[PDB]
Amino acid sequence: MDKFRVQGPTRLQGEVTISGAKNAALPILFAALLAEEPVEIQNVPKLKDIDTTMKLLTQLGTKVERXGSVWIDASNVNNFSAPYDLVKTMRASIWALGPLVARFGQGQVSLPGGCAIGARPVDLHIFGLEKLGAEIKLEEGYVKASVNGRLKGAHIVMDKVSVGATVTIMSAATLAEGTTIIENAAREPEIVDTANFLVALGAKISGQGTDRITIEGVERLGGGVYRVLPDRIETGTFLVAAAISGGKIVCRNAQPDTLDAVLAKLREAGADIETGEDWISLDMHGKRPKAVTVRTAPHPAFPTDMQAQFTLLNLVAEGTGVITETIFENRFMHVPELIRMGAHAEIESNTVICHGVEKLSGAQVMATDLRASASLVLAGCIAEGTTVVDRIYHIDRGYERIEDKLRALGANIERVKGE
């Protein structure tokens, strides 16, 4: 079981290059199934899910190769079924369904053994495909969709806001006959990125990033070169790393505009921030951060994905600050871990009241949440002494070699083994 052994305190400063967003790379990789011609996908991070997707794609008869880029040749897809062994570790695999049916007339995706019926994950996807004219075949453990000729554009009202189903519906709609309208579409920057990718292939989409996405179907999608957008959360994590260590950092390959709320929040903490079209700088001037008030909410408001990081900021800031999770429940599992590191906090209902302390103390900590986990690693960086973060495979799944990035920032960090 891999662990991170950090030795602090250390000032995090310098430069970091931001990896592509896993959350944009995935839907785009599945969308490449629509491409009749070779496709080059740039800025694709080296992550477990990316590997799983490549295998899945190959299993369908797609020609796949990688490095920074992922080269895809789907001119000839022959197998329209995603098997159990291949979708078992990845829910995103459902993304193969829509492209398959829209372009080939048929698709089949294996489903896991479940328990409760009603409002499940796959649900929105299946019904979205059904509104598009797909015939659905359901049997415990799998979903099959098929259509005679082209899908038919339709007017769709989403009762629930779903990032997943929005990608599925928007993807399959690019080849449908007519216009498709999606009401209550997820607004995430990743949805915008996926739509832009499609448009680069010849798709006709508008409204991406708003509550209403409109798609005019076209006969076919071509090929090309496409650059995946920067990882916005990864970027936020690095900004916070400098903000909590009285450091100065510059983020390369970033996209300032996917972070309005986070940047504004950082300024409130007294951070000196600068942006360029593709870069972001943060300077504390050796100064300790000021506590802030945070209310997480749906994009483009302050993201829940930055929550753990900001809680950390408040925990070592000057003063008292409160963090409120307005949509999500039980998002504070990790606070007791920080408290064990010498933090002063109180979890109350859907909030965390933060009392800033001068210095943290290393400890043996652990968290299952990717973000919370990453925050523990940041804590280890500035705490007095030795910190050991257990089960970092969580971090490995969403961050492209964070230890190396942290090390170049001046961190004393080692990847160590353990029983």
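Heads up, when I say rigid core I mean the largest set of C-alphas that superpose within 1.5 Å between the two forms. Positions refer to the first chain, counted from 1. First, how it differs from the form deposited in another entry.
Treating the chain as two rigid bodies that shift between these two forms, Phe80 and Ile215 fall into the same rigid part, each C-alpha being assigned to the part whose superposition fits it better. Put simply, the small part of the chain turns as a rigid block by 14° against the big part between these two forms, using C-alpha fits.
Write the structure block of the form deposited in another entry for the protein whose form deposited in one PDB entry appears above.
Next up is only this chain, free of partner chains and other molecules.
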């Protein structure tokens, strides 16, 4: 089992090229199940989650190839289930459900079990499907959906803002008979990306990116070529890496408009930020960051996927920073890990109260969250001495070669395989 050996402190300086969004590539890959003709998805990151998704697709009888692009041919889907072993390593597996039932009239996906960051049921996905006319049963731990003929469009109001349920419903609706309206839809840039992918295939969708999505179902979806938007979380993570190290960086292949909240908070922390059409520059001018107050919420508010990263920022900032989590109430495992490194903070309910320190100290820490745990690697970059991050497979699931990108920024980091 891999581990990172990080030697700090290091001032991060240089350039990084942002990879395609893991969170757009995922739902788009699942949506490709709908395509009758070959599809080429461009700008797909090379990460563990994509590997798992590829595996799942192949298990359905989908032909899959990859490099920068992932080539999909779902003309011969011959299997309709996502097994326990796979779903257990990737909750996003639930996304296979909707396309399968919508196109083939059947689909079975192992029901996701417990999650360390909090309660993450998929009740809304199921509800949505049912609303579309799907019959759903639970057998041997498998959620089994079925419909005789086409799904039927319906007016659905979401009890919660859900990225996942919005994708499930929107995707399945493209093949339903009639019009589907998703009210209180998630507005994430990844939702707009997936919708656009769908439309490129022949789907009829409007309102994507707003709280109200309207889908007019069609008979079949063709094929095509589609480029995945830049990864906003990867971008934010690198921006924070520079901001907490007194550094200077330029992010290439970026989409500034997906980052307003994060950029604004970085400015509050004291960063000098410039943006262009496809780039973002950040210069700390060698300054320590200033503590900020953050509240995670659905896009375009501050994203929960940047929360750990900002907690780190606050932990080495001047002042008392406060971070409140409204999406994943228990998403605080990074905190005690950071405290092992000398940080100071208290967790009261869904809020962490940070007491910024001048310097962190290297220590042994454990990764557990595919997006948040990158925080540990960042901490090692600025801590005094050696930090060893265990279980880095978690990071591998959500980031493409993060050590390589960090290394090009000046980081002293080594992938240690010897156990």
